[PDB]
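One chain comes next, on its own, written as structure tokens: the form deposited in one PDB entry.
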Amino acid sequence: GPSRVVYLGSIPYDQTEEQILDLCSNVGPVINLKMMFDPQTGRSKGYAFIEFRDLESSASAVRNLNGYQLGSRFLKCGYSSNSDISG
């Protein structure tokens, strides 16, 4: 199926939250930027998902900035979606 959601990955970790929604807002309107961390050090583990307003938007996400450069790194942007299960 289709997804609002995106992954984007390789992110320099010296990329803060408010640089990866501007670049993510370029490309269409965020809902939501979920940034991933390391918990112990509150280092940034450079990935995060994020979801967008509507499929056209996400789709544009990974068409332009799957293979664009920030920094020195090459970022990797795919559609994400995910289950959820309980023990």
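Numbering follows the first chain given and starts at 1. For clarity, a rigid core is taken as the largest C-alpha set superposing within 1.5 Å between two forms. Compared with the form deposited in another entry:
- Once the rigid core is used as the reference frame, the Cα position of residue 38 differs between these two forms by 2 Å or more.
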The other form holds:
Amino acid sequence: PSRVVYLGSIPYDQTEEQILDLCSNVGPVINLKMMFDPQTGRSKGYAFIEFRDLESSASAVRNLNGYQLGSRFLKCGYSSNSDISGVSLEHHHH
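Now show me the form deposited in another entry; what you just gave was the form deposited in one PDB entry.
If you are looking for partners or other molecules, they are not here, because only the chain is given.
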């Protein structure tokens, strides 16, 4: 486990604020990394979310995985990273 989770299969128009609001139902979020196209504002379909504690990140993996958001079923797993700084490395191997 990690306090950081990966969240994937996110509908592209969902904003950082909407993903933050979603994740808040799990627990407090201390960091959130997403990517958006500078011309369209559309995201790339994923986020890394760092929670305040491991109970919360466990709950994220259990309860955000399979969560229906719009027409999509989200995927959620633990990040291989213990902190938010290295997550870009991880994602560019997928």
